Amino acid sequence: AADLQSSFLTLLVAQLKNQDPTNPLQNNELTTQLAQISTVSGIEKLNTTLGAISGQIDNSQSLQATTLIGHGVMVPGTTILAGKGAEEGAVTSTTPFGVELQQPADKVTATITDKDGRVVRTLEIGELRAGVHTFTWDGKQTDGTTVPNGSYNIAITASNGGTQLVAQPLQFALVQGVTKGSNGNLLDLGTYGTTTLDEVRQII
Amino acid sequence: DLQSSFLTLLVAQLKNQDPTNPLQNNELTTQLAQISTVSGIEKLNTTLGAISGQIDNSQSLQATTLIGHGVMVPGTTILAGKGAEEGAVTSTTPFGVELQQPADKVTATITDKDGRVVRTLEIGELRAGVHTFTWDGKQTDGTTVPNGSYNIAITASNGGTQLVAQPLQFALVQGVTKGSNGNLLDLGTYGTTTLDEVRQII
Amino acid sequence: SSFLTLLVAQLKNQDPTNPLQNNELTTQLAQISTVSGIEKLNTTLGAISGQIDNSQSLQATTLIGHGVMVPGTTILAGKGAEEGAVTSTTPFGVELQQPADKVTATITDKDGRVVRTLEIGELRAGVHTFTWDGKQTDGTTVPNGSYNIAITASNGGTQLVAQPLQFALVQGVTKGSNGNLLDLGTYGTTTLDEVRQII
Amino acid sequence: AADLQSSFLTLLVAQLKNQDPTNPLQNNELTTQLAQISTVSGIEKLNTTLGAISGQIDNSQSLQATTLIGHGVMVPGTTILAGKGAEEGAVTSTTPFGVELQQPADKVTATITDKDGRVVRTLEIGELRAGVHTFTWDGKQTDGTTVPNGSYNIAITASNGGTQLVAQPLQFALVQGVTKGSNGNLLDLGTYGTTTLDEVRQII
Amino acid sequence: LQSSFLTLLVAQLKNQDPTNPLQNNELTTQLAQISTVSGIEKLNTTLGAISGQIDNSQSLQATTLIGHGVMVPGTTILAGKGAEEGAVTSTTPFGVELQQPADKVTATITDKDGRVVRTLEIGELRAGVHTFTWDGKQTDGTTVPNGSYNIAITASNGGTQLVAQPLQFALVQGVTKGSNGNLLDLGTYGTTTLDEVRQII
Amino acid sequence: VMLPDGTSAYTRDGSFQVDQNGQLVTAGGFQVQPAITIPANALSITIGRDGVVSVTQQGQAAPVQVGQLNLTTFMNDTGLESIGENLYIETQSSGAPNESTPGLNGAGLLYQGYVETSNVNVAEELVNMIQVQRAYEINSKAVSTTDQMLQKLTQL
Numbered sequence: 029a030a031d032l033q034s035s036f037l038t039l040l041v042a043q044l045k046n047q048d049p050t051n052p053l054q055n056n057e058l059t060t061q062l063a064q065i066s067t068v069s070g071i072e073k074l075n076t077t078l079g080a081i082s083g084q085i086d087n088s089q090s091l092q093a094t095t096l097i098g099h100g101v102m103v104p105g106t107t108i109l110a111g112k113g114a115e116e117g118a119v120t121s122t123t124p125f126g127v128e129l130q131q132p133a134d135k136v137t138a139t140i141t142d143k144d145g146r147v148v149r150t151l152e153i154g155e156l157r158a159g160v161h162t163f164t165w166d167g168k169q170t171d172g173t174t175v176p177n178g179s180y181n182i183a184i185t186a187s188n189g190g191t192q193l194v195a196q197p198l199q200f201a202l203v204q205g206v207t208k209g210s211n212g213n214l215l216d217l218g219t220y221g222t223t224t225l226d227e228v229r230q231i232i
Numbered sequence: 031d032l033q034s035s036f037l038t039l040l041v042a043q044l045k046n047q048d049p050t051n052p053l054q055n056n057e058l059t060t061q062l063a064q065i066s067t068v069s070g071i072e073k074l075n076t077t078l079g080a081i082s083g084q085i086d087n088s089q090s091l092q093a094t095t096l097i098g099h100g101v102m103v104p105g106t107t108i109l110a111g112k113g114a115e116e117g118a119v120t121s122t123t124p125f126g127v128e129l130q131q132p133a134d135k136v137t138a139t140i141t142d143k144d145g146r147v148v149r150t151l152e153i154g155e156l157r158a159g160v161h162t163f164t165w166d167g168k169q170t171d172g173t174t175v176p177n178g179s180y181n182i183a184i185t186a187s188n189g190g191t192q193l194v195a196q197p198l199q200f201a202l203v204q205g206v207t208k209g210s211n212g213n214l215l216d217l218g219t220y221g222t223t224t225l226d227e228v229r230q231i232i
Numbered sequence: 034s035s036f037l038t039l040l041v042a043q044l045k046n047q048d049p050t051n052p053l054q055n056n057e058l059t060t061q062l063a064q065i066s067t068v069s070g071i072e073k074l075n076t077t078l079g080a081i082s083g084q085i086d087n088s089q090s091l092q093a094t095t096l097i098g099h100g101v102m103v104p105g106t107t108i109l110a111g112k113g114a115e116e117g118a119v120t121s122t123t124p125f126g127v128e129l130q131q132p133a134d135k136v137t138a139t140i141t142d143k144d145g146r147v148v149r150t151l152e153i154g155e156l157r158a159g160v161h162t163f164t165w166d167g168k169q170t171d172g173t174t175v176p177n178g179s180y181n182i183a184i185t186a187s188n189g190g191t192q193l194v195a196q197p198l199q200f201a202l203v204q205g206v207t208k209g210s211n212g213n214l215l216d217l218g219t220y221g222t223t224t225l226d227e228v229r230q231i232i
Numbered sequence: 029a030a031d032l033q034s035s036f037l038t039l040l041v042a043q044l045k046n047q048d049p050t051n052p053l054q055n056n057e058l059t060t061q062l063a064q065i066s067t068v069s070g071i072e073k074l075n076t077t078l079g080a081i082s083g084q085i086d087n088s089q090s091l092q093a094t095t096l097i098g099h100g101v102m103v104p105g106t107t108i109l110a111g112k113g114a115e116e117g118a119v120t121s122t123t124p125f126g127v128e129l130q131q132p133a134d135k136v137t138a139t140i141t142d143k144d145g146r147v148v149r150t151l152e153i154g155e156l157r158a159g160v161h162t163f164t165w166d167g168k169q170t171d172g173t174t175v176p177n178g179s180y181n182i183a184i185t186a187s188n189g190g191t192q193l194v195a196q197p198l199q200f201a202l203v204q205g206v207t208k209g210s211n212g213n214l215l216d217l218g219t220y221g222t223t224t225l226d227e228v229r230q231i232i
Numbered sequence: 032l033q034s035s036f037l038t039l040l041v042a043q044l045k046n047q048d049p050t051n052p053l054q055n056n057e058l059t060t061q062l063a064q065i066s067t068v069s070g071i072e073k074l075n076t077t078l079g080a081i082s083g084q085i086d087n088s089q090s091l092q093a094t095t096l097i098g099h100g101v102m103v104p105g106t107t108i109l110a111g112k113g114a115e116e117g118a119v120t121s122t123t124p125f126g127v128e129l130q131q132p133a134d135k136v137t138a139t140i141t142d143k144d145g146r147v148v149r150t151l152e153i154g155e156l157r158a159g160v161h162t163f164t165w166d167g168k169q170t171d172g173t174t175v176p177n178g179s180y181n182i183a184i185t186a187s188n189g190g191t192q193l194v195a196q197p198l199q200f201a202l203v204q205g206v207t208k209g210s211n212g213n214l215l216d217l218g219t220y221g222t223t224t225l226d227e228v229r230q231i232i
Numbered sequence: 105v106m107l108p109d110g111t112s113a114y115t116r117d118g119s120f121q122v123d124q125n126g127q128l129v130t131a132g133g134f135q136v137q138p139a140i141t142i143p144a145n146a147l148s149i150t151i152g153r154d155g156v157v158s159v160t161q162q163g164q165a166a167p168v169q170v171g172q173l174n175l176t177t178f179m180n181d182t183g184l185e186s187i188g189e190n191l192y193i194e195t196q197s198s199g200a201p202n203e204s205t206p207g208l209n210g211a212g213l214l215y216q217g218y219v220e221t222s223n224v225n226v227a228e229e230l231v232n233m234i235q236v237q238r239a240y241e242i243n244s245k246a247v248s249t250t251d252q253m254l255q256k257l258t259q260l
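Note that the protein sequences, when read in sequence, are chains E4, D4, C4, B4, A4 and 22. Numbers 29 to 232, taken from the deposited numbering, label the letters of the first sequence in order. Numbers 31 to 232, taken from the deposited numbering, label the letters of the second sequence in order. Numbers 34 to 232, taken from the deposited numbering, label the letters of the third sequence in order. Numbers 29 to 232, taken from the deposited numbering, label the letters of the fourth sequence in order. Numbers 32 to 232, taken from the deposited numbering, label the letters of the fifth sequence in order. Numbers 105 to 260, taken from the deposited numbering, label the letters of the sixth sequence in order.
By construction, these hints were calculated from the structure, which means they are not laboratory data. Take the hints with a grain of salt, since some may be wrong.
Claimed, not checked - Only some residues are given here: those of chain 22 computed to face chain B4 with a beta carbon under 7 Å: (1) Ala227; (2) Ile234; (3) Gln235; (4) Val236; (5) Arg238.
As the list claims (entries may be wrong) - Pair by pair, the computed Cβ-Cβ distance ranges are: (6) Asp31 (chain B4) <-> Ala80 (chain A4): 47 to 57 Å; (7) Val41 (chain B4) <-> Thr195 (chain 22): 22 to 32 Å; (8) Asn56 (chain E4) <-> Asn75 (chain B4): 31 to 41 Å; (9) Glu227 (chain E4) <-> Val41 (chain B4): 56 to 66 Å; (10) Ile85 (chain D4) <-> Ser222 (chain 22): 14 to 24 Å; (11) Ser35 (chain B4) <-> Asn75 (chain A4): 16 to 26 Å; (12) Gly113 (chain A4) <-> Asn75 (chain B4): 58 to 68 Å.
Cβ coordinates follow ideal geometry from the N, Cα and C atoms, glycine included.
Start from the sequences and build out the full structure, keeping to the hints where you can.
Put into structure tokens, the structure is as follows:
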């Protein structure tokens with residue numbers, strides 16, 4: 029790009045030192061000067077704008093880290109954490125789950141199993157449209173008693189017209205750090221690892 | 031390889047003239063006038079890539095921007111309840127109306143789940159735009175309304191002609207959902223809605 | 034397809050004794066590509082402007098819970114429910130466009146009776162924010178209520194048009210007929226540009 | 029857009045009305061002119077649109093200034109507050125100061141003077157690098173005595189082998205509000221006045 | 032540029048051949064080409080002001096990071112004990128960046144005198160950034176004295192050494208607009224580039 | 105302006121400068137008229153819309169009146185004869201000079217911090233140039249035609 033203004037002069041200085049006096053070359057300045065030199069200046073200065081915009085992109089990519097720290101995003105998964113608070117009489121609370129649906133389904137069911145794998149809860153959330161829907165399990169098993177504290181597996185089966193649809197299970201994940209990978213700014217979920225902004229279906 | 035499509039097109043039609051001498055020796059510089067042409071596009075199209083990356087950074091920043099607040103969304107539901115403290119005063123979620131025409135005669139009628147009117151609110155004159163008020167949580171007789179939900183109907187009229195009115199209701203923002211279109215304000219009970227459809231952010 | 038009816042119509046009076054060379058036609062197409070790319074960038078830049086508007090709208094939510102300085106003469110005085118609470122008054126302000134050296138704030142109660150006189154002094158051109166101490170002329174604690182402030186600014190014996198300003202807590206952000214508006218509650222709905230100062 | 033397009037349209041009617049009837053101009057270049065003008069008109073509106081982006085970014089920056097309300101920033105200035113808190117035994121603390129150097133200097137002398145003009149102490153730590161270097165003075169006399177609480181000013185002189193350098197003094201300035209004035213939206217520093225956001229070099 | 036291209040246009044007009052004058056069908060072409068370069072110059076400068084404003088915005092909005100603690104490049108780890116009775120020894124967390132995954136990761140923690148106090152084996156670490164929290168205990172299992180310690184992280188995959196850069200945690204006190212800008216003034220450590228800052232806690 | 109003859113020149117260039125001896129000059133040591141002497145202890149200088157040039161001295165908080173700078177108006181502006189430097193000298197067609205205070209007697213005002221840009225629009229000059237160049241081409245063509253006529257006539 030900068031070679032245009034340097035290979036232009038070498039050819040030009042040749043024609044200036046090798047003019048024929050009887051037939052002097054007035055096309056050295058007819059169009060060669062103002063048109064091509066400026067046409068070089070059009071491209072050579074488009075190097076800077078691409079460089080300037082690249083520098084601005086480099087500055088902007090750090091604004092993600094400059095922004096606040098995540099308080100917990102909603103990510104694909106099946107793990108639900110349940111426990112009891114330090115205070116006496118605290119109601120057991122579970123980390124929220126959810127489903128991503130490409131198309132609306134006329135039936136949505138949720139199967140919650142303990143670490144042993146046996147089904148501990150069956151839930152009929154209801155009717156959902158195409159998109160990401162997030163809910164919170166009450167922490168009650170089939171009989172309505174308090175579930176043991178720990179980890180649970182949620183499987184959401186949703187179908188429309190008797191045909192099973194692509195239902196992506198989603199689990200809550202608490203954000204704890206702002207990492208910088210080889211690709212860009214990423215969120216750190218701690219135990220779950222690191223996650224990207226694009227795959228974050230929802231933020232809580 | 032586009033350079034070879036013309037650099038060798040030049041030096042396949044110039045590596046013959048020099049033999050046969052129809053020499054101009056002066057149009058020879060059209061190589062550079064064409065390389066700057068192909069490169070002059072090679073940087074505009076690639077600039078579109080950088081500007082798209084900037085756009086992506088814009089959505090990333092929009093996603094990072096998060097606030098826990100309330101918004102004003104179309105609807106007729108007004109909630110009423112009391113706190114766990116003894117002697118708490120019933121408070122109701124603010125309602126409102128969006129009118130594209132100024133209205134002078136505006137009445138807010140509040141009915142319970144049974145369908146009967148519990149309280150009628152006289153609003154009065156309203157200018158063009160969005161107005162948001164708060165129901166006192168008391169019936170027409172002044173008694174405290176029972177805890178639950180109520181339906182608000184706002185009738186607006188200017189000069190004796192009833193105007194189309196958009197009922198509004200308060201909704202706490204619960205999250206930002208990345209759907210097939212972008213960021214949606216997941217309000218929980220109300221659901222998900224776009225930023226523009228929010229009449230007021232409280 | 035602007036430069037295409039021009040391009041197709043150019044190939045009619047083509048003059049085979051001196052036609053479009055390959056260099057000119059290739060340049061002409063490429064130069065058209067230059068125009069298309071710039072316009073594509075121009076439409077793209079508008080989307081970024083809208084995104085920046087959305088970002089500033091999201092940033093403006095911090096104004097909720099914070100008070101703006103808006104034109105007006107109302108100062109609210111109140112005392113906390115706790116024992117020993119000292120009555121406090123909402124901050125006020127003055128907007129000026131000419132240099133002033135002699136500024137008097139006459140504060141009157143809801144009945145209009147002059148309860149306090151304050152001498153602010155010299156003020157430059159711009160917005161100046163002050164706070165009433167809550168003390169009337171005799172120094173006693175003013176009762177809670179609304180007070181009307183008249184601000185008179187003068188320089189060298191001639192009075193200047195002084196714009197009184199007052200505190201107004203921002204209650205919400207409204208998507209009105211034009212865009213982002215600041216609903217201040219008691220003061221009402223206001224915009225961003227008129228905001229003298231945020232507190 | 030039409031500011032240049034109307035002016036560039038006079039150049040078309042000047043070339044069309046003033047062509048040699050013996051040797052007219054080929055229409056091949058005519059579409060090049062129209063393409064070139066569209067290129068010029070496209071760049072012209074790009075600058076207009078981008079200036080609006082600059083103004084919007086300035087407004088967003090002014091809005092973001094409300095995030096750190098009640099804190100303090102270091103902006104071009106020399107006013108220094110020295111004092112102590114109400115708790116007994118508080119060491120006389122001096123508000124942070126700073127020096128901005130366009131070029132690095134191997135010998136920088138910072139002399140602090142009280143309201144009376146008396147020199148309280150000169151700091152000799154060594155060189156100070158280019159950029160903004162801020163320090164928090166201990167608030168002590170030249171002999172170790174706690175400085176009286178009041179106003180101070182620092183004179184910072186940099187030397188490069190006997191050749192001086194121009195530097196920018198900066199002082200901590202607590203912001204009590206963000207005020208929209210005649211020029212733009214400035215930051216009210218109270219005693220220090222009102223200042224824009226672009227000269228903010230360091231904050232605390 | 033726009034001025035310097037007008038002179039090349041003025042020169043031709045005042046030096047065109049008198050009895051064989053040049054064609055007149057380029058003046059609006061050349062000026063438009065000249066006006067193209069001038070337009071880009073106006074663009075090019077305005078982009079720089081946008082970069083400066085973005086730098087200032089990054090410098091701002093960082094009061095949350097100032098209040099919080101971040102991990103910065105360096106081998107320093109601070110260990111301390113609370114003044115309260117029975118306080119658990121606190122240790123600044125560290126980290127390491129790996130360009131390539133490694134199977135053997137060794138963390139050697141030494142006192143300010145250089146004597147090795149602790150040796151730890153982490154194991155497999157994939158490409159990216161990894162964070163750890165030292166227990167504040169030396170090799171024998173006793174709590175290390177409160178102070179600064181130097182950490183050397185060596186990550187190798189199958190006997191081939193890979194780049195492992197230990198990180199240091201420090202408290203932020205300010206954000207500086209230095210010669211370039213976006214410096215993270217922390218006090219004893221000094222200023223840190225925001226891009227080179229690893230994570231915010 | 106005073107030329108070295110003691111005559112008068114006139115310039116619309118107010119980018120005034122200070123010489124070694126303090127007189128106000130304009131790009132060439134042209135000692136303006138009437139004589140105006142900037143003080144050595146000048147801190148700042150101001151020039152109102154009525155042309156009074158007054159300076160800030162150290163210590164004193166007052167713009168002492170150092171000089172008055174009045175304009176000159178001719179009844180025919182076009183008649184002036186330039187001698188370079190954007191200076192014009194009085195000539196018989198321009199008319200006698202009328203020296204008067206700024207703002208009055210039809211004169212203008214003096215704006216500090218401003219420079220007046222040339223009244224040359226590039227677009228107008230370029231369209232004029234196109235017209236003129238075509239005329240030039242045609243005239244050279246006519247000369248060449250007469251040349252050919254004569255040389256054939258002699259070939260006869």
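For each hint, the structure was consulted:
no.: 1; hint: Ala227; result: 5 Å, holds
no.: 2; hint: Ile234; result: 5 Å, holds
no.: 3; hint: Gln235; result: 5 Å, holds
no.: 4; hint: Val236; result: 9 Å, violated
no.: 5; hint: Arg238; result: 5 Å, holds
no.: 6; hint: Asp31 (chain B4) <-> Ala80 (chain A4): 47 to 57 Å; result: 22 Å, violated
no.: 7; hint: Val41 (chain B4) <-> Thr195 (chain 22): 22 to 32 Å; result: 39 Å, violated
no.: 8; hint: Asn56 (chain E4) <-> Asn75 (chain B4): 31 to 41 Å; result: 34 Å, holds
no.: 9; hint: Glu227 (chain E4) <-> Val41 (chain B4): 56 to 66 Å; result: 59 Å, holds
no.: 10; hint: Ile85 (chain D4) <-> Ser222 (chain 22): 14 to 24 Å; result: 43 Å, violated
no.: 11; hint: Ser35 (chain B4) <-> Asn75 (chain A4): 16 to 26 Å; result: 23 Å, holds
no.: 12; hint: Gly113 (chain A4) <-> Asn75 (chain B4): 58 to 68 Å; result: 59 Å, holds
This entry does not satisfy hints 4, 6, 7 and 10, going by the numbered hints stated previously.
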